[PDB]
Amino acid sequence: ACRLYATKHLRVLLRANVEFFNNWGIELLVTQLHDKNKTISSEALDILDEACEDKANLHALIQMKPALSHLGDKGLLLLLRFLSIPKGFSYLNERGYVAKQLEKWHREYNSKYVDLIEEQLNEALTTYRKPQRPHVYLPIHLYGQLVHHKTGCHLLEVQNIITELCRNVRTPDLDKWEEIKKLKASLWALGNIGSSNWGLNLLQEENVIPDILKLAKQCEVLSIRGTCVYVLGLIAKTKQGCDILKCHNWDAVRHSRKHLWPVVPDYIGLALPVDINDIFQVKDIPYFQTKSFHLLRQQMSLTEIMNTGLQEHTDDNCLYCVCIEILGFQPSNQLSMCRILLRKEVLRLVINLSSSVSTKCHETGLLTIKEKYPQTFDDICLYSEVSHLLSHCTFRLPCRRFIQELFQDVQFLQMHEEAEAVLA
Amino acid sequence: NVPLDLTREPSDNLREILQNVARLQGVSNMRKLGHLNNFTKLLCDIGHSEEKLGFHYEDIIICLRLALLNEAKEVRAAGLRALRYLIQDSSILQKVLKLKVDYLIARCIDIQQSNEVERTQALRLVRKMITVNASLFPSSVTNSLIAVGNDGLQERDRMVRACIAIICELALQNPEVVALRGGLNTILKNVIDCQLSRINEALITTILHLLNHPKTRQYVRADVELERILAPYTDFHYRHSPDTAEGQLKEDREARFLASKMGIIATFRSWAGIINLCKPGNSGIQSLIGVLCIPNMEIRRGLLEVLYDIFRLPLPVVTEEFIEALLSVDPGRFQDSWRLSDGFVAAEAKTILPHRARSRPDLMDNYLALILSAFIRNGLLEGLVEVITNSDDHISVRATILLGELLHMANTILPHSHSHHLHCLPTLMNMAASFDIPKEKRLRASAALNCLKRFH
Amino acid sequence: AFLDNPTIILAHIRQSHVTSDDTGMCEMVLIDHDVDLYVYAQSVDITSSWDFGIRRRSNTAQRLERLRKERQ
Amino acid sequence: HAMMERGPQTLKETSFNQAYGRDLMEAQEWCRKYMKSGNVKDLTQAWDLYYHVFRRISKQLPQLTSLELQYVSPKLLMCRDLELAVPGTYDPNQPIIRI
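Chains as they are written, first to last, in full-length UniProt numbering: chain A, 727 to 857, 872 to 1005, 1423 to 1448, 1479 to 1494, 1510 to 1538, 1607 to 1694; chain B, 25 to 480; chain C, 2 to 38, 64 to 98; chain D, 2055 to 2153.
Certain hints may be false.
When the alpha-carbon atoms are kept at most 20 Å apart in a straight line, the in silico EDC-like pairs for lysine to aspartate or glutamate are as follows [to be verified]:
(1) D:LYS2113 to B:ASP217
(2) B:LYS303 to A:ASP780
(3) A:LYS856 to C:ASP22
(4) B:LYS213 to D:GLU2059
Rather than coming from a laboratory, the hints here were simulated on the basis of the structure.
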């Protein structure tokens, strides 16, 4: 506990702007970087990252260079923030640390950036908790940091990374998820690399800003819609980029956060369409739904009429007739003529029960037919068809399990004995 | 109950299954439970392939399905235990389903006769089959599940939530059958009757995802499905269920309002919700704002909560006097965690002193700016001023506080062109100086302006 | 504000339903054996059954029984 | 069905549509499906749908007690003057009284 209270007690020492914090706070932090508790190491990493947004602080960091590679990707990105200045970029170059990282970014970690950022956002505003307002910041990405010192331009163009992402953005597939995924990754990479005065020069030649504008207002996937607004707000961090955007009717904020009351006579990334509903155009799609006996009920009643066997029965769609081909079952037997009319009566009644306008009366009718002739309910052809109707009607639950249980205790000698015969 | 495990698998299983069918006679049911358990063991330990199995799969499945006719429920449970172990490749399942075993599983699903160890097996069998192949899912099981998921809540069945879990899981692979049997409306109605947070948001995410892919977009209608969730506010008399107990009515209304509010704040998070709900046509978001200017005493105190926790603002305590409510939401308000024992300094120092970043983006403000502009487009301030003017004080204070907070956000995260004319406050100011209107509106608008200044 | 690919949606559904249910029935059904892409002895799944039985009535019957005796 | 498809024009009708329109349109789908192919199997669904709608609606009719014009139909309260005489009171020999 004293570990943790003392160590997180340094935010006040940072956020209150104490005299010459760089002299001793950073050395104490680096000493605590080695301690036993992983949680305390993580929070120390967090506070050090919060501190390193001051250039003098970062320089006084680069007076002593420790090894962060024994920690997680958090320390990885923390060390990647070193690339902001050639004074230190030269130190880092000596063992080829650049090409050993950059390729692995291009191949694997660029896709991880979008995953981790959407992770942070979902934790922020979706109540996910992967096992009051938060503050979501963009993690430090290599491609953004290289472009800072005007020579990473060469160090990047040696591979011609621009061409693959750009012809990706001109001709996207937009069918399934990995195209979407790497397309988002490319978008975020572009937004990052557009974040300097110099990078603007190396991106303006392809004239892809019109491509992103086209995507932001005529594309399909709404997640890509949101990502377009995000990246376009990103490329609005510099004055020259804001000048570029204003040509295409997109407003942006032209002041920094240093004073919360700025007068309009380096900024925060932000871009909006001038008339917000412009991006709200969606093309609609047409809906996909584009594609005898009961008349006898008047005069012909139960009492006087009682003194294939089905209308909608075929060689298919019977629980016994289907097996007859595949297993060579015996043909269905013909027993006692007086029943068929009853069969169609009960099926008409249950079809009437489908309306459920007066369920109880039809329920009583089938119940009467039931106990009057309790043994009639052994036919399989009727059973398969009522199963089919339950697969093709809309029934309230009570009538549904009622009609199911009305065939609860039945025997079916014919299938079972024929099957044990044909088994062996 | 005969463990050998060292013999000819063909003869072993053949005599096992023959004695299991037993001509349906002369064999006890508990020893049938035995035979089934031994059967399951034999498939567990023996590699399953016809050549060394010595049999086709058709005779095997036909023999298994006869176990579903006897009276013993646990026999059906063991039959399910076996059947899940049979499904191994799509060919196997399609040969199984061409046989009308679907209707049998269907009977087994809907019995609810105090037998809660069987249908669980049936449901997990269904999950196995949908994982291996949902593209060949049967319709009968679909209809059974939709039936239990539609009106299972009134009969207090304890498997409805598991059921909607299943239908949502299957919805990803084959929306054709779900739509044809009309499931999406069932799901949607099921988002209003679940007060728990996480389940509600997870459910709504399904249909929100369904609005992305053009294939998916073809499956859903235009203006009847999603904007349904905002029903209990757009209606003055919403009746969600036909057969309800008279003994409680209002508590129904509070439950419905909580569910609908949480659903609303859920849908405004995803891009699909935002784009769909603000179409240039007569979309529902215009309807919400239009409702706001009707004098109904509780509706106007229903919407303000939604507005606050959309913008993730701190609610004020209900009060008839402005200045108390002002202090109630001061950011410098004390927090319980700031006591000695809890968070003595560091947590409090997190809140009070400002962040050290000077140029980092903070996308959260970007999202809030987008939503704010979306509301500004549809004349939200007009309705706000309407409520501030013509209503009760309990509600006037709430609306005034919201207006002040939104304006303070405006000149802080909003680009100049969209923020250079809003702060002029045309409509309120115009009413403030009319000398022909009844004086009540005039003086209360004046006081409202005074409160706004002190707020700033 | 990014929930598009099926993986995260499925994980969110499963976690939300298992953790927040009053009755364990659902999470008893929500086991994740189902695989996807060790089904060793029953994925150490192992039970059998366990009881006491014979046969009572139905929901109806009383209905059918009582009406049959009164009609006789 | 003919009248609803021209679109709701006010908030009350819009809310009614918002609540019931899916059902009311798909029942029409089923009845057209029936009249295409005579088979009572189709109209059973449509009738069940209609009757469910009836049970839903019938539960609230008694509560209907008052109407606010601004919610019911917006055109009327924006008159504030007109040319019509009060309906039913008009004689050839007396100056008219306008609404």
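Hints and how they fare:
Pair hint D:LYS2113 plus B:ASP217 holds up; C-alpha atoms about 19 Å apart against a cutoff of 20 Å. For a cut-off of 20 Å, the pair hint linking B:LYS303 to A:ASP780 is broken: about 44 Å separates their Cα positions. Among the hinted pairs, A:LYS856 with C:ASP22 is consistent with the structure: their alpha-carbon atoms are about 19 Å apart, no more than 20 Å. Between B:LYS213 and D:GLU2059 the CA atoms are separated by roughly 24 Å; this puts the pair beyond 20 Å, and the hint is violated.
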